[PDB]
Every structure is written in C-alpha cells, then in structure tokens.
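Visitor: Here is how the chains run, residue by residue.
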Amino acid sequence: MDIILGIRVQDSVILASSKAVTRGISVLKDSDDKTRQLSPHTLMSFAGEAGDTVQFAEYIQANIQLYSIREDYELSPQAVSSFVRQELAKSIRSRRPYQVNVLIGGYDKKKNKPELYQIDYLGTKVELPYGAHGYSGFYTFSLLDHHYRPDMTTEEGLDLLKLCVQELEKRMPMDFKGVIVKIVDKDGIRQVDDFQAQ
Amino acid sequence: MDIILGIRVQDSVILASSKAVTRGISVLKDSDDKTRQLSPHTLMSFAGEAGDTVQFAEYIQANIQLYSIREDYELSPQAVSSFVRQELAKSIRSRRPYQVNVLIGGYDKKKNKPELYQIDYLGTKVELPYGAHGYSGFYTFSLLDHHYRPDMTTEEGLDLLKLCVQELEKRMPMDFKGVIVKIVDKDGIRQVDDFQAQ
Amino acid sequence: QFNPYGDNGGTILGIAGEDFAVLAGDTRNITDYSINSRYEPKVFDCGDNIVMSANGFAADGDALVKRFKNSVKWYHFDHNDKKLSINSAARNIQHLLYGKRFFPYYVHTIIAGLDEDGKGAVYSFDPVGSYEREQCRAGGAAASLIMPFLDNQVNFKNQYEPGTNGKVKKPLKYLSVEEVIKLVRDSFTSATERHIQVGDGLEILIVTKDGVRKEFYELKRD
Amino acid sequence: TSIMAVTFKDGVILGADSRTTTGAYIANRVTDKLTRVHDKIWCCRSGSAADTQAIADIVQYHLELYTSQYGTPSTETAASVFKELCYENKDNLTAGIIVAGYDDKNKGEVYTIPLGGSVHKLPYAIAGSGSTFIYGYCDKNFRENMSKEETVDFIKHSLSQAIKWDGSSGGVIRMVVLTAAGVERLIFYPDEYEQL
Amino acid sequence: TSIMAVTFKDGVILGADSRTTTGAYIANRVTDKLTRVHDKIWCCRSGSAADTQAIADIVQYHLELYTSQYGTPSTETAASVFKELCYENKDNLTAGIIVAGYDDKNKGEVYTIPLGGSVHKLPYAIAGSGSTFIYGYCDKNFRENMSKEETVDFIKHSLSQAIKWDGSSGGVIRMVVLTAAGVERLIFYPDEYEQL
Amino acid sequence: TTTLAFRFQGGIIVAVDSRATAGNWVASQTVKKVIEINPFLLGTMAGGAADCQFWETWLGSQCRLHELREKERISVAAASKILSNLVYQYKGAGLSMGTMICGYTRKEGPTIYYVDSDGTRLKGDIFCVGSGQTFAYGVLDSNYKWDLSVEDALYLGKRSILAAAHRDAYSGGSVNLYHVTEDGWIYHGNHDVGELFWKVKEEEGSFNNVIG
Amino acid sequence: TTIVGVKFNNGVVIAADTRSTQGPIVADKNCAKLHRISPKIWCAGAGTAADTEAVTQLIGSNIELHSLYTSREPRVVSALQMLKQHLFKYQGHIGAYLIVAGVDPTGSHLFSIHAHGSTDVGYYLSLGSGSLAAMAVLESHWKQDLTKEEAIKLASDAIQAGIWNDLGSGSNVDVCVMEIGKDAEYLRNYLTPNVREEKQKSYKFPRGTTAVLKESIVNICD
Amino acid sequence: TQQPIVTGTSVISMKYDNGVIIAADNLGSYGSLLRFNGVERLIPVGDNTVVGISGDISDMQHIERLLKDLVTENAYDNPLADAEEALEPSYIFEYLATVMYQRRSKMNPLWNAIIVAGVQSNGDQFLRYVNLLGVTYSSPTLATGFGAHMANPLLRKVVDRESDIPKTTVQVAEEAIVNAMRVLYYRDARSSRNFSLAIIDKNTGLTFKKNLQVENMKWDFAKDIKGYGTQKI
Amino acid sequence: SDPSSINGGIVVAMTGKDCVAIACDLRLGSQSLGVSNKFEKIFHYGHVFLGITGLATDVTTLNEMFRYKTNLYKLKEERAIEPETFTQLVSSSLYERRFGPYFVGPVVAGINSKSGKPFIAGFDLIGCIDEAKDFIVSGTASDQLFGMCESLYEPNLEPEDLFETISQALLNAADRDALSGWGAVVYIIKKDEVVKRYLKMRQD
Ligand SMILES: *C(=O)[C@]1([C@@H](O)[C@@H]2C=CCCC2)NC(=O)[C@@H]2CCO[C@@]21C
Ligand SMILES: *C(=O)[C@]1([C@@H](O)[C@@H]2C=CCCC2)NC(=O)[C@@H]2CCO[C@@]21C
Ligand SMILES: *C(=O)[C@]1([C@@H](O)[C@@H]2C=CCCC2)NC(=O)[C@@H]2CCO[C@@]21C
Ligand SMILES: *C(=O)[C@]1([C@@H](O)[C@@H]2C=CCCC2)NC(=O)[C@@H]2CCO[C@@]21C
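Residue numbers (UniProt numbering), protein chains in the order written: chain L, 1 to 198; chain A, 1 to 198; chain Y, 20 to 241; chain P, 20 to 215; chain S, 20 to 215; chain C, 76 to 287; chain W, 30 to 251; chain D, 34 to 266; chain E, 2 to 205.
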C-alpha cells in the first residue's frame, strides 16, 4: 500500500503521503497528491483500492462543501470524522464496499486545538497523536512512540516525520517516490513544497 | 526479482547486479554481491529462489576450481557455460529443481574476445551482446537495442548501463538499492567501486 | 452443471473486391465428432445488399442474424424505407453484440457488401462487438489455416520483385471476382484436407451493384 | 423408505414402512407415511420428510378449496396438483410421491410422481430406497384385479422384503384401503411380516 | 452386470448376463463372465473386466501349480487364493467375485468375495448392479437341495428379472453346471427369458 | 499492445501499434487503437477492443451532447471524467481497458488523462499503456524534452512504439501517429513496422544486434 | 479412428482408416494403423499412436524371440497374453486399444485389447471414435460363414461408415487378410475414396520472389 | 440449471419421396434403472406433424402440454383452423425452437433433444432438430443421442444427399428405420425393445404405429464364444 | 504453463525432385519477451538434418544427445547414419521418456546416400513417427504452416522452386504467430550439396 502518515503536534496536524502511483510493473506517476481538502480547516488523506480511493474522497468532499453552503458554517473536525466513519460503516456491508483507509487532520477553531483521526475501510475510527495506514505504522510507530511530545512545534513535527520517512526509505521494499506534506492549523491548510530535502 | 544485467563491449563483459536482499516486509541488506568468480577470467551473476541461489553458485564455483587444479588450465567461457547449462537442465527434471537464473561473463584468453551467456533455471542458454533476467530486460532492452555498438569502450558500456539503471530506478516499483558493477577482461575481474555516482 | 454454449464448427471467409464482395462458408454443422448436417446454410442475404454470417455457436449465430434482419426491417419502418448502408449495419451490429457483453453471443461475425461509393466492403466482428472494416477475413475453425494464405496471395505479403533483391515489393494489382472465387475455393479445399470440421460443401454469396448471387461447390465428406 | 400403492378389484391399497432416519439413527420408528389429502385420495411419501409434508399440506389445502367450489376432485386432479408443485419446484425439493385414490366411476387409481416432477399412471407403483430390492419380486407377483386379501398379501410380502434388505426401512407396515365401502387402516408388526 | 451361483442337490450352477459397457455403450453383448480356474472350480466376474481377468488368470496359474504338487485343490482353497489377491490389493482393484466349485466329498460350494476382499460361504449368492433388483425375488424363491431343472429355472428367472431392470445387464444368460457328471454349458436367448 | 501519449511545447503526441492477438494467434496487424472522439479529442485503446471501442465512441456522443447543451467546447478534464465515472459504475463486472484521453483546450492547454477500468483517472505528461509499455517508456524517458519540435516529437513517439513492436510479441504491425493542437488533431500516417524497422536501423545505426 | 476385425470361414481380416489427428487438425492423411506382430499375426491400433505402435513392436520383438526359442510359429493367444499383462501393469497409462488377429498352428483368431488390459473375443469387432458407425454396419450385415470376399467387403464397408460419419476418421481404407493356409496379405490403401480435386490455381512462385540476406554452402563431408 | 432425472433415449427419423418417418422406443430410464416402460415419446400434433422427444421426461410432458395448448389457441376465432389456417409443421417447430432458446438463455433449459417431423401444406417434407441449447439443423436424416452415432450412419446409406429422397420409398425407409431400432437395442444400454413408429405421407396422411418390437435378432453365435482369450470350454 | 508455448518457434520440411528442404525461424523468447534472434532450430549429423521446435532447453539437450549418439554410431558402424535409421533412433529415444517426455516437435530431413531417395519425417513429443511424402510442420504456428503448405505445395519441385515455396510457407505462417519470426533460415538439400540461406523478414 501507499504511505499515509499523520502527526498531531501542539498547534497543528501534519499529514505526509507518498507520491507514487504504481500499476503493476510500472510507476505511472511520482507526483500524486493523495489528499482532499474537506473544508478550510480539515484535510483528509487516503489509500486503498485503485478507483475507490479518489471516488470516495471526492464524494466526501462534495458532502462537506454542501453542508458548509447550506449552513454557512464549518463542521468541527470531530463532526466531519463521524460523518465519514458512518459512510464507511455503511459501505462495509454493501454490495461492493469502498476499500479506502483515511486519516483526517483538522484544526478545531472553536476548541483551538488540532485533531487527528484514523479510520479504516471498516469504519473503525480512533483519535491519536499520530497514526498511519497499511504497513507504514510498522516501521514508524517505534520512532514516534519514542520522540513524540504533546508540546512539539510544527518544526519539531516536520523533523520527526523526516526521520520516519528516512526509516521508511531504508527498510521498506517499495519506492514510494517521497511524500507530499501538508500542515493544517488555525490559519488553514498549506503545503510544505520543500521536503524533497528539508 | 533482483536486477541482473550484462553487457559485452569491445574488450570486456560488464555485469551489474542489485544490492538489496528483501525478506518479506523488510530489506535485510543493501550491500549483497550476487556474483561468484568461477575462474580468473570468468564471472557469474545470479538471481532466483532464496537459498538455491547461493548454493548453486558456490557449487558451480567449486567444480570449476577443481577442474582448474586437476588440469592446471582455465576452461574457456563457452566451456564453463555448457557445463552450467547441463547442471541446470538436470535440475529442471529432479525432485526439487534449482530456481536460479544466471549470466556468465568471461574473457576468452585464447580467442581474445569477451563473451556473455544467459542461462535461465530451465537450462535455456543463449549468447548475447547484452542480456538480463526477470523483469529487468523489459525496462532496459529498448535502451540497449538503441545505443548498443560492438566497438564500444568499457567506458561507453558503463555509461550505457548507468542509463539503464536510471530507467530502472524510475519506472520499477521496487527499491533494489543500486547495483554492484564488475568488469571482466584480458586482465581478470575488477569491481567498479564507484558507480554510486559515476 | 449446465453449459449454455456449444461449438458447431464451420469456417467462413469474406473478401472485398474493388466493386464487389464475397462471403463464403462451408455447409457442415458439427457437434464433437458427429456431423449434424452436411448442408445447413450459414451465410445469409439480409436485404439492402448485405450478406452476413455469425460463426461459432449456431444457436447464437442464428439469433444474431435473425435479430439483425429484423433490425433492417424496422430501419425501413422508422426511416422512410431508407437503405441501410453497410457502415451503418456494422455500427448497428456492434450494439447488438455489446448488448450481451456479459453473456455474449459466442460467434465471430462477418458482413459483406458495397460501401456508399460502390466499393467492396467487409466488416468482421468480435464476440462482444469490437469491429473493423477489412480487406478479407476468415472466421471459425480453419481461420488460422486460411489467413496466412490470404496475406500471401491477396496482399502479396513477403513477395518481392524478382531480381530487385527484395528491394521492390510485388505491386498490389487488384483481383477480379473470378480470381477471388479461385482463392476462396482453394482456401476451402485446403482447409478441408487439414481440419476435421471443414467439408461437405461450400456456399458463396457474391455482392455487386446488381445484387446478391449464390454459387455452390462440393467439398470432401470425410 | 419403502412405499407402494396397488390397484385391485374393489379399489386400491397404500402401504409403507414406519422409519425416518437421520444418518444411521432411527429418529422415528412409528412414522406414518400414508397421508390423506382428501376423503378418498391419499399419498405415499418418500424423500424429504419436511418437503413431502409441506407438499401434502398444500395439496390438501388446494383440494379443500376445490371441493368447496366444484365438488369432489378426481384422483387425476389430485395427482396434477402434486405434479405442479413437484415439477415447478424441482430444484428445491426432494420428494418421491405416490398418489392413490378411489373413484366410483374410475374405481382405484395410482399415479407415481418421481423426483423430476413427471407423472406416471400405473396399475401399481413402488418407491423409496427399499423399492429397488423388490422390483423383481413385484414384477413377478403382481396381477390385475386381485381381491382385497390377495392385495394386502402382495403389499405385506413385498414390503417385508424391502424392509429386510434396506436398512433405511423398518418398524411396522402400515396400509390404507380405499374402496367404495370406505377407508380402512391396517398395521402389521415385525413378529408377523419378518417370518413371511 | 448380473451374476449368481447356486448350490443344489447334485452340485452347483453359475449364471451371468453377457454385457460389458463403457458408459451407455455396449462394448460387448456376448461376453462370457463365467471363468474357469480349474476343472471343477469356476468363478463369476463383476466389476472391472480388466481387474477380474487379471485376478482369474493368476488364480488359474496358482491352482495349476498347486495341482502339480498336491493334487486337486478344494473349492475353499480356490476361494482363499482369490481372497488373498482381492484383500491384499483392495486399494487398486474393483472386483466382485463369486467362486463356485464341485467336490465329491463336499458336493457343490459357493464363496462370494465382495469389494473389500472379505469371504462369505453361502447356499447361493448374487452380485453385480443387476443383483439389487432380485434380492427379494431370490430370497423368496431359493430352496436348498433343488434339482438341476429347478436350479436352472431359479437362475433363469432371477437373472431375467435383473436383466429387465438393470440397463447394465443384458444379452444372453449363460450358465455352467458343475456336478460329478462333469461340466455343462447352458445358454438362453432373449426371446426365451424375456417373456418369463 | 503498445500505446503512448506525451505532452510538450507543440501539444500532444499520440502513437500506437496495430496488432491484435488472441493467445499466440495474430488476429490482425491492421487494427485501430486510437479513437477519434471528435475533431479535438483522441482516445487510445489498450486491453479489451470491444470495451474501449464501445465506451470511447459513446464518450464521443456524450461530449457532443455537452457542447449542444452548453454552447461551449468540453474540457479534457470533463470528458475524461465522464468515461471514468461510467467505467467506475461497472467496477467488478469485468470491463478491461487502459486508456489515454487527449485534448488541447484554450482553458487547459495540452492535456492527457489516463483512465482504466479499475476506475483510475490520472492527469500526466507522459503515459504508456500495454504489454509493450516498458519498452516505450525506456525510449521516451531518455529522449523526452518539453522543448522538442513537432517534427522530433512525432519521431520520438514513432520510435518508441518501434522499440516495443520489436521486443514485445504482442505488439507490432504498424505505427499510427497523431499530433494534437488546440485547433484539433492531425493524423500523421500509418507506418508499417516491417519497413520502418529496416529503415530506422540503417539511418539510425541502432538495432545493431539484428542482422540486416 | 476406425478399426475393425472380421472372421470368415477360413481366416480373419482386419482393416482401418488412414487419418491421424492432433486435436481438430489432420496431421497425417495416410497413416498406417495396421502393424505386424509376427508374419501372420497383425494388429489394428486405436488410441495413442506412439503407444499402439510401441506396444506392437515390443511384444512383436519378444514374440520373435519366443518363436526362435521354441522353434514354433507364434500364436495369437501368446501376443494377446503378452499385450494384456503389459497394458494391465501400466494401469491404462499406455493408451493402446488394439484389434489383434492372425492365423497360427491352432487356427484363426480375432481379439481386442483395451488400454487397461481387458480382452474380448468375437467374430466381428471395432474400436476407435468410428467404432459406433462401423459397428452399426457390422450389426446390420454380419452373418456366420462369410467368405473371404464377403468378409473383406463387410470390413471395408464398416470403415467407410467411420470415414464418412466420424470426424475422427477419414481418407483411405487399409486391409490385411490372414487365411489359414496361406501367407498373410497386407493391402495398403485397398480403397482410396478421398482423392483431392485439382487445385484451382498453381502457387508456384517466380524465382527471386523471396528476399535473401545471406547465403552459404553447408559442409557435410567430414 | 437442472439435471435430467427420468430420461428417454434416441429419436431417429428420415425423409422419403412422399413424406417422413420417425421413431422412438417406449422407455423412461432413471439412471441405470429401466424404470418406466409405457412411455410414448412421439407426440402427434394435428395430422401432419409428429414431435419426437428425448431427454428429461418431466420436461417432455411439459412440452406436451404446450403443444396441446397451441392447438386449442390456434382454433380460437379461426374459422379455418382445420383448413388453410391449421398448424403447419414449421409453425410447431419455430415455436418450440423459440422456447428452447429462451429457456437456455435464462439458464433454465428444457433438458431435451427434439425432432419435428411432418408434411407442409404444399406437400413438402419437414424434418428439423432443436435441443436444450436452442441449436437447430436439418438433414435428410436426423437422430438424437445414441442414434446420432449409430442410426445416422445406417440411414445415410439410403439417403446420402438430397437427390436420394425422391428415390426412396416408404418401404425402403421404414425398413432402414426398423433395422436401426434393432441395432440400437443391441448397443445402447438405455434402450427398450418396444417402440413407436410414425409415418407422415403427403398422400396417406399420418400413420401412427404403437407397440412394435425388435425382431429377427442374431444371438446364436453367442454360444460359440467362451472365455476371453485362452479358455477352451 | 505449456512448455511448448514458452519459447516459440517453427520448423517445416518439404520434399522436391531429388531434393529436400528444411526451414525454421530464429526466435527464442520468454513468453511476450523476445530474447534471441539467432536461435537456430536446425542441426545435422552427417547428411541427416534435424529440426526441433518446443522448449528451448530440450531442443538444446536433444541436439547434444543425437550428436553423441550419431558419433558412436559412426565409430561402430563405420559409416554415417541414414535418414530412415536416424528417424528410428529419434523415435525410440523419445519414447524412452514416455512418462516424462521432452517437450519438443522434431523433424527429420535428408536424402538416402545409397538410394538417393528424399526423406522427411515428424514426431510427436513421445516419438510417434509421422512419415509424410510432401511436408511436415512443427511449432507454435503449425496450424498456419499446415494451411500454407496444403495450398502452396505441389510435387516434384526443383531445388530453386522448392526454396521459394518452403520460404513463403514459413514466412507467412510466422507472421500470423506472436511467438515466431525474428529471422529465418532455409536449407536446400541435394545428394551432393547443401545450401543454407537466411531470409529477410519483419522484426516485430
Ligand atoms: C425415506 O425415503 C426416508 C424417510 O426418512 C422419510 C420420512 C418420512 C416421509 C418421507 C420419507 N427418507 C430419508 O431421507 C430417510 C433415509 C433413507 O430413506 C428414509 C428412511
Ligand atoms: C458388470 O459388473 C460390468 C461388466 O462390464 C464387467 C465385464 C466383464 C466381467 C466383469 C463385469 N462392469 C462394469 O463396469 C459395467 C458397467 C456396469 O456393470 C458392467 C456391465
Ligand atoms: C492490446 O492491448 C491488445 C489488442 O489486441 C487490443 C486490440 C484493439 C484495441 C485494444 C487493444 N489487447 C489484447 O487483449 C491483446 C493481447 C495482448 O494485448 C493485445 C495485443
Ligand atoms: C484414432 O484412434 C486416432 C489416431 O490418430 C491414431 C493414429 C495412429 C495409430 C493409433 C490411432 N487416435 C487419436 O488420438 C486421434 C484422435 C481421435 O482418434 C484419432 C484419429
């Protein structure tokens, strides 16, 4: 599977996602952005089955934007994640389930705290300081379990991730072509265009 | 599978072999040398099933060294390859066949010409200007079919390989951790310790 | 368990001339090692100067032809008796076939006629609707034995000008209906010798601006 | 299971063993395989106990409504309803049924509905695992127009043989006599038919 | 296949249909399933034609060598050799064999060797697909010490019934009579046994 | 099959082979693997012929309907998503298709979208689909430049298919070229691989291993 | 394949068709299914060609050695016992189905062996995919006390049934007559009812048509 | 999808100068058990058509009911039901063929092989076959199942091609057919000795013969056969 | 899976007037991947020629085996082996492996040095000899070869003519086979001389 990582620091949530898209024998793209902005302060990363992955992400995006217009309000991260969990928990018992795993990172403007949610394709949801999907957790969780601190600065979070990505690029068999990193905080979502060598 | 490449230029045979050894979820080693010197002017590269690979290579090495001592003579590359083909062709119909593919690169001191032999685990042997095993050929043969010339210098061969390795590192899904390159010519076998950036 | 499919053997051939087109097929219908009929027509005149054949699983081939003929009928009903051009028949058949994409008509279908410029035309179809206009196409049991022959004797493949050192290809002068019938007959007598499902009889339908004509020749019955 | 129906001079008789098994275990040793779908139209059940019961229950219902509207049904009509249910649902049923009825105009009649759902009118019929062993015996001893005593004897001997060889048959032999005189129930115990 | 052996007053008789099939096709309609392994020791073969032939050929060989050294073998001894081959090779054989022999001291004897390789000495025995249909008939009509004519009749009727119901049986009925008087071959055609 | 499409300064180059096989049997050496959706849109066909041919022709009809309704040329993004979403509706049914949707719109410029029957929709600069893809990628990757001329770009595509036609048993026949400009696509002929190989060999000096 | 055997008043005759197939392709249009075990003991084979052939030569070889050792003419029952015990041992894996006939010091014989090793005796027999067409004819025309000429006709007609009605059979009819007092006579191509008609055209190419890259002389003399 | 249970074997037929003949034995087998012997597998429809059916008997009985209804339905509001508008054999066949193919296409077939024999209103002979797959074909002779392998070769020796039809008389034809029935009783393990035969002649009409029997069989040579190779007695 | 469809390749032999010809393609692939365009499938031992299609490793092994056997034969017999004899040697050698056969399709061609009579023969993988008078085909494009031969062939062609015929049969059959081609070679054989010609063909 692809690399889906998330870390919640003091004032923001950081999501890192591999850029490779491999179809069989070839790597068709090395600049894929496995993320969708659900609202100004909520970002969702995803990995899973070929077509299902984007279709699901865009379907969720559409629904949140529609809610934002109807209510002229932005649902809290917790609210958006419960909506998403339910969508997957429905899908798990349907004719052809969505095989998609997601990380939802958002900044709750009312609580003034960042939040990271992990939800697999079964609709299993949990809130964590950091999380991942697939094999990624296996190589990185021991590094995060060690260096993680609730008061880390965004800069410290990016350094801890870099460490994670290096471990991944060393022991993982596949070339995931690096990751795209995005920060979500009180001011929105921005992309760290410089991680190819930060 | 691993990367096994061979190119026969004007006065030498060059063999490039991936350094990674992956066992399931982890890359256990990134400095593996998938080669065995059969005699001063003959080198054999190999890829295939976990244990069979080395056991076969060493078994062949033993036999050639024994022949060299008994006769105080070095068998021609063609001779060593026919011996190896036969060993595999026997194995293919045994209780538990050797699942190993090899490239045999040697410099025939009597003919004063380099020779490259490709033999798969079935005992299929062919002599070529360049060859490979596994998927490697799929990404590289179009590059070799294009730039290959019978009068290439060893330096031109190394540049053509570098090109092949780059294509491999771009489109192939797996991280094979680079290659180890060896040259075989009238003066023996030497390793190009500088290909990590040649 | 019940298998909804079967193989009735047979072989068909379609060749497009400059201003004519032929569609031939043996008349043997088989099941395994038995002959069901030594004469069971497989190439039909569907009106509007269009001949068609759906070879493979006869029940499917019959349904398709029957369904297409009925399509021609309604085409007239719905479009003030307009003539169904062969290119239009082709697209139509593609849809008939693709409609059963998930429970296909197990047949290789070929139609012949004249295009809108009076030129000879052959269209061969895939069991699920894929189609292409072609010069000549054999379909069915002996298809593999006949195509190589046609590539050589109709498109002069691999044939060069004597003395040119294979530097000059043999010119593609085009055949008359009489010369095409010869190739067709030889194609089948040869196929009859090497394939056990080919024989008994050969029926050819020839299409020209004057309509559809039929010729019949016997084939070995063993 | 061993079941049979035999037409004779005064009508027809039904017979059966009284064994229902689940593997080698005898779940019921006093089963009644002779089921009534109408006053003078009965059936013999073999195959699935659950399926044959459900089938019979439905036929009885159908014949009850038939009677309410058009009077007493012919034995042929009863066999037709059974047939309809067995043929149309052949994929989900395992029911071998023999229909036997007494008409005043037609006297006794026997219709056998085997597994596929086909219908066969015969002078007499046998069915069930135990029947295979008495094909020869019955073919040699059956005669048309036998007396009530002879017919009871034929059934008694035939079934005792079927019960003898077939582990899937046993218990007692039950019989139902259908004649103009009415409906008679007969039973024969081991100690009697085993030493015949 | 339908085969049987019956002991009687003067010895024993063997009988069989003459059909060998390969699916629904009759490969041979005049097959001889009555095989001689010794002058007055014969066998009835059912199951695999290839297996039963190979078995018989070997028993005949064994009994020939036995005779050369110890004189005429007892019917029991012949059955024992068959048994040895069938039991010890039960995994690779499909052979149902009935051994029948005439001894002067023992008169007629019948040993049946079913699939597993077990041996069973009986007054008479039946086997093969067709036998299932005549279990009841035979059990009801067999009697010990019957005359040659009665025994031929019993076999003729029994087999004709087996042939009647079993598609795997047919052709003619062959019989072999084994008595002190010698060895007699009998054959009965369709037109005769079909209307019995 | 071998099909490719790449973006560059002069628009988009589209090149395909023309071989059809069923097992080892060569059904045809003259098959069309490019569908002309309309004068501005091209589609490549890899995988199932019927599936690609059918749905890409249908795509054409949906695009036309769009332009009638919106009195405006349809975007490559939108045309590709119509196919993509249709295909996604059939996910699991067995459709088999690997495809490139190519166009040049004023709003988007040169645009290539990879669309397969798994439901994948990817926008990119270079794509190769088919059993010969790896061969074409080798040639393309080492000679591709955004500033290639329309003449050289066309040749690169033609050469890349040639490489694949040579090594891949399931590729060959002839090469079909296309150049896509904002004003529409321009067909650039049918090049028989047979003749093309010897010609390229001599003029280029490549394929030295083959005796000519 | 269609092979038959037919006894006549003073001997036996066996015959067979001449078609050899690989799946639906006719590999040999005139193979020979009649092999010799000894001068006067011949075999007709059906099933796996390599097996019928190999088995006929193995037992034939041993039958010769047995003959030489015993100073006697080989007997049909001997070839039959050697064949069946060999086939039995291989549990049907040697796909040989044979009709073995011949004359010897004890008379004239006709038998059949199946791959698994079982044998059968009769006055008329047939095996192979044509088995049923042939047998139908035999069941319809056989009678006891056939003359040599009648037996040949009957046997020959039986194979024709197969040639025409069975796709697994075709081409010609081979016969072999073994009479009690004379030499066995092998009649190769006793009937040839399937001659190919003259082609419609000649495909002789003009010399120089084929493009040649390199040419050289091959050395055969050491 | 189903599996046949009670089945009928071969159905043989051929056409002669003035009509067609068709036959089928009276057996209803149940696997290897020759269970039912009074089964008529020849269904006359009107007086110019006879439908012979092999395969699953329960389905045959269903085809029977369908045929009776066709006749009833054709009579409705049809003053020419017994004249210019009566059921032709080709109508009967096309109907059945239609049903057979629809049923296979719904993956629930009528497990049979059918031969429709008869004479068209203009005197033409009609002989066509249709089976559970909906496959159809015509030939001077037609047989189903076992008779396809053994009957066809015999019958074809009488009428090998179309031009032989006018040269074949009812006598010759009925003879060929009666002999074929004997051969089938010899080699088909699922056949009965009793059978029905029917002739549909453009002059004599429909002749339906019941309770025929295979006669004049050869079994005597059986006595001369003993052992399976070397045995002498 | 099918050992006979892994490497690809074809061979065809034809008889002419006092001559015989045997030809083959030069391809050796690994499924879809072309690997060698110089894998000749024709060999000879004395004046006897043997073509072999099928699994390449077995083609190589069999050639080595027959060289070995024909060498000892020459040493003992004191003469070179003949076509008819070699054919029997091939047959028995293959059958010897009846239940673990070599996956090949051999073809023998040559002229009897004493009778001058032309000879060709084919074998299935377990040695069954097919001795045709006209032509013999083998390989992944054998169906196509049968079609080509059955039509293009006529008896008693002269060497120069048979060359054209056999070459066109091989060429057009290979072009309808994904696994054949990449070069071809034709052997024209006469009592005294043997000419070997390489043909020019598509390389796709
Ligand atoms: C008989 O067919 C049998 C009965 O159990 C069953 C019970 C009641 C009425 C229908 C007949 N069916 C069975 O499955 C068992 C096993 C063998 O036969 C039974 C005894
Ligand atoms: C009988 O058991 C049977 C015979 O073919 C066989 C032939 C010769 C001697 C042994 C008995 N065996 C079979 O397999 C067939 C099918 C059913 O029974 C046969 C008729
Ligand atoms: C290529 O993808 C290929 C073509 O036959 C096919 C034909 C027309 C348009 C779509 C592409 N697809 C196939 O299934 C065969 C086998 C391998 O690839 C083919 C050559
Ligand atoms: C016949 O049995 C047949 C022959 O090819 C074969 C050839 C030579 C001697 C034995 C008989 N065997 C076969 O496998 C084919 C296919 C069907 O029957 C053949 C024609």
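Derived from the structure by calculation, the hints contain no laboratory data. Just so you know, even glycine gets a beta-carbon here, dropped at the ideal spot from N, CA and C. Be careful, since some hints might not be right.
As the list claims (entries may be wrong) - Reference excerpt, derived from the structure (chain D facing chain P, CB under 7 Å, subset only):
1) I38
2) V39
3) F69
4) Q94
5) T131
6) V132
Claimed, not checked - Simulated coverage check for chain E against chain Y, where a stretch passes if three residues somewhere in it have a Cβ under 8 Å from a Cβ of chain Y:
7) 57 to 71
8) 86 to 95
Visitor: Could you run down the list of hints and mark each one as holding or not?
Guide: A quick look at each hint next to the structure:
Because the beta carbon of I38(D) sits about 3 Å from the nearest beta carbon in chain P, less than 7 Å, this interface hint is met. Taking 7 Å as the C-beta cut-off, the interface hint given for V39(D) holds, the closest approach to chain P being about 5 Å. At its closest, the beta carbon of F69(D) sits 6 Å from a beta carbon of chain P; the interface hint therefore holds under the 7 Å criterion. Taking 7 Å as the C-beta contact cut-off toward chain P, the hint placing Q94(D) at the interface holds, the least distance being around 6 Å.
At about 21 Å, the closest approach between the beta carbon of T131(D) and any beta carbon in chain P exceeds 7 Å, and the interface hint on this residue is violated. With 7 Å as the threshold, the beta carbon of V132(D) stays out of range of chain P, its nearest partner Cβ sitting at about 16 Å, so the hint is violated. Only when three residues or more bring their CB closer than 8 Å to a CB of chain Y does the claim for the segment 57 to 71 of chain E stand; here the count is 0, and the claim is violated. As drawn, the segment 86 to 95 of chain E meets chain Y at 0 residues by the rule of a beta-carbon pair under 8 Å; below three, the given contact is violated.
In terms of the numbered hints stated before, the structure departs from hints 5, 6, 7, 8, listed from lowest to highest.
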